[PDB]
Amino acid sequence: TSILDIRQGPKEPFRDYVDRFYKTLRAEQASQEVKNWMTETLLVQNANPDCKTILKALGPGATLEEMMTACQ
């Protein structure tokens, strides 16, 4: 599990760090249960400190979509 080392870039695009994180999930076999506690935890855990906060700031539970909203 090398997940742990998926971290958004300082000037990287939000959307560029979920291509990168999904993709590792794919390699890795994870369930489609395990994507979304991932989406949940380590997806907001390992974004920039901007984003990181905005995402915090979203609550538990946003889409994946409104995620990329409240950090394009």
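Positions refer to the first chain, counted from 1. For clarity, a rigid core is taken as the largest C-alpha set superposing within 1.5 Å between two forms. What changes on going to the form deposited in another entry:
In the core-superposed comparison between these two forms, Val34 has its Cα shifted by at least 2 Å.
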Second form
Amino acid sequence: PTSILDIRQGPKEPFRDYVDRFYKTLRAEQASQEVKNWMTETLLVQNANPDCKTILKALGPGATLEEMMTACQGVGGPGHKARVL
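Okay, that is the form deposited in one PDB entry; can I get the form deposited in another entry now?
Keep in mind that what follows is only the chain, not its partners or any molecules around it.
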């Protein structure tokens, strides 16, 4: 039985794909709505890989899922590689 806690973004996994896995598992998770809100607002960010997590934290609290997906969409892409270093 796979726990939501076991869903962690892979080292080079696109954020969008991690989000799909996370929400698939979340839909199966036995937890109150309040806990699921904590899972989508906090756990999703905490279990992101170091590349995406840094980006997400800088967005600050209250970012929508859409905003998080926009923010990490470019990770591993040429724009991302080019901007550092």
